[PDB]
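Just the one chain here, the form solved without the partner chain, laid out as C-alpha cells.
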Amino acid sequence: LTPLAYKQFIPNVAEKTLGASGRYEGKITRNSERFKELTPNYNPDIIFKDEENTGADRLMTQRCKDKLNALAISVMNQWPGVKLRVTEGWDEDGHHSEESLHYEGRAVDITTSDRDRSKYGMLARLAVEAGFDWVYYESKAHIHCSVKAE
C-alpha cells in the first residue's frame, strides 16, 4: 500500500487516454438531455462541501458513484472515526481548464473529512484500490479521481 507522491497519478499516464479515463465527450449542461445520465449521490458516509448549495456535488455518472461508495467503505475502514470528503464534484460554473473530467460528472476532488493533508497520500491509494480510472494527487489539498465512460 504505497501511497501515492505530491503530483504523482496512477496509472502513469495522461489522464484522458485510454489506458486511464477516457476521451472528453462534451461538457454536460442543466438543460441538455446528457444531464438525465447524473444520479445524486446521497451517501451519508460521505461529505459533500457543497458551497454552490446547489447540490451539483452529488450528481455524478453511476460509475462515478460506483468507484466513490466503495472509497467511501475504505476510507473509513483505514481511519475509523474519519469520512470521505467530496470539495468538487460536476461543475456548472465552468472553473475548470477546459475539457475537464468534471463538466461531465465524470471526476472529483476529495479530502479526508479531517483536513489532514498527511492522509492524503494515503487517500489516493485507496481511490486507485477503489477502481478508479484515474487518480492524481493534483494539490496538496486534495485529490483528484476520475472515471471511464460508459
The other form holds:
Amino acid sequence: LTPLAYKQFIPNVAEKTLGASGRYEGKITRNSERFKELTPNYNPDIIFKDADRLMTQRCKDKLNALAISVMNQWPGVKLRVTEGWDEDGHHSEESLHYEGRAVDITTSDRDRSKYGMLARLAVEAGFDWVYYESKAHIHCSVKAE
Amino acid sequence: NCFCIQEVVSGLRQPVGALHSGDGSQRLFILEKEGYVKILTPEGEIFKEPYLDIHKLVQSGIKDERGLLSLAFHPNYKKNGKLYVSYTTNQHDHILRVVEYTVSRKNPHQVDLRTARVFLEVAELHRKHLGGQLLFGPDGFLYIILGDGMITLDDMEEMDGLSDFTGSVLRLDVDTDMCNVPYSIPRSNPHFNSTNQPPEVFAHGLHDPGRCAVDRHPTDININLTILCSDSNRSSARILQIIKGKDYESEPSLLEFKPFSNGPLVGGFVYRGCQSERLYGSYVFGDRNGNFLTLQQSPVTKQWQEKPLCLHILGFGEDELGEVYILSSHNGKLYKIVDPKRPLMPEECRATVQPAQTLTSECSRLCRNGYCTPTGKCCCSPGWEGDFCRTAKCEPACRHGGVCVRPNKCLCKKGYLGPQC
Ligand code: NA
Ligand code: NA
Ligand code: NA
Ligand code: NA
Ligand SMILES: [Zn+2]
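Let me have the form solved in complex with the partner chain next, following on from the form solved without the partner chain.
To see the whole picture, the full complex is given below, headed by that same chain.
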C-alpha cells in the first residue's frame, strides 16, 4: 500500500461528480424530513471529538470498515473522527458534511505522518472520495440514496 | 543626539505604508487602507490619478486589519513592470489574496487591472493576526509573512478549505518560464519536491507580526539576509536568518528572543539611508505613540542592546535613497526622518532622477494571446502556441502538414481534403 500525496484526492475528479460522491441535493436539518436517513454510529473502535455520530448508512459502513483497517494497520491505534454531520453553519454551502455523507478523520495519536497512509486505507475501505485536505485532517465522503 | 521630522503630505486617506520600486524615478508609492496606491513625486506632490485603485475588490474596516496589506515591486520592475500586492477580500470572514499585476504599457503611472494574476488565496476566520507582508530577497525569491490569523489547531482540524499557510513564511520563485503554474518553487526550499508538505512553506512560528525589519546586509559573512519581527499575541520578537548559497533540507528555525522591554510596537526597519551616518545599520522600532528605539547585535557574543531614539502612527516608508518615513493619523499624513547633525541632502546623497518610462521589453512588445512571465516568456492562452502565441491551434489538431487558421479550421495543402486533412 502506497500513501496518498499531500493535497491529493481519489478519484482524481471533482467530489460532486457521479464518479465520486455524486451531486448535492440539499442541506439536511432537523425539521427536514430527510433527517431520518441520519443515524448515530456507536462504534467503540472510533473516537468522536464532539450529535457528531449521525451519518448515512453507506457512510457508516465505509467508516466502520475503516475503523478496523486502522487498528489492523497500527499497534493500538484507533480511527478518530473530528467532524461529520454539521447541524448548522461551520461549512460553505453544498458541503457534504451538511448531508452526513462526509467525515474528517485523523489517527488517535495525531501523528500527521500516518495521515498519508490513512487516506489510502480510506480509499481501499470503499470511500467514494478521499482527499488529503491538509496536514491536520483527511476528508472522506460517500454517495446517498 | 535627537532626531527631527518634517511633514511632506497631508489629507491622506488612511495610510498604512510606503515604498519605492528601484527604477530611478524616485517615486514614493503610498498604500492606503481602503485599496488605493498613490504616487509621490521626488519633489513632494501627489498625482491626481492613483497608481492603483482596487477599493472595490478590497473589503477593509476600522478598529481590524482588513484592507490593503502590502505591495512589492519586482527587482526588475524597470524592465518587466511586475508588482505584487496582498489584500483582504470576501463575498469564513474573508480571504487574504496575493496577486501579480503589471503596469500599463501605455502609462507608467498606473497599472493595467486586466493583468491581475492570483498566486494565493488564504482563508481567514477572523480579522486579527493577518500579516501579509510581501518582500524580495537578494536571492530574488518572493517572501510572504503571514500571521496565524488566530486559527487554532481545533479549527484546522475540523474545518475544510483552511489556508495551511498561516503563521509561516513563504518562499516563491516568481521568475519562471513555466506556464501551467503561477509560480515555481526554489530548489533551495526545504519542502521542495516533497510529497507530504507544502513546497511554498519556508518556515513557521509566527502569530501577530507587525512590520518586520529586513536587514539585507547582515553583519555576518554566512548570513546574507535576516528578517526581524515583533509579535504581541505575551509579547516577544523573532528573527529568521538566510544564506544565499544553501539548499535547505529542513525548516529554518525562528529565533525567539526578547530584546524589547514592555509596551506594544507597531513595527520596525533597518536604516540603509545616506542622510544619517550614525543611524546607519541600526534597527529602529516604534509604537503607536511615536516612541522609538534602536536595536543592535554584535559580531561576537551576538547580544542585543537597546537604546532609546530621541525625536497616532500607522506605518513606515522607505524611498529609493533609503530615507525612512512615518505615516500617522481625510486625516492622515506623511513625515520624514532627518538627522540634524547632517544636511537634509548631503553632496554625496545627491542623485539624478530618471523618470519612469514605458515598458519596452521584448515580451511587452510582441506578446499577444497570452501573458508575460517576469522572465519574459509569453504563456499562450488555450487555443494558441508558438513563441508569442500567434500560431493558431485547432481541435482536433491539423494533420498531414495541416495549418490551423480559423476556429478549428485546418488547412490541407494540395492532395489532401477533410476537416483535419
Ligand atoms: Na469597500
Ligand atoms: Na513591502
Ligand atoms: Na531543498
Ligand atoms: Na552579507
Ligand atoms: Zn470534510
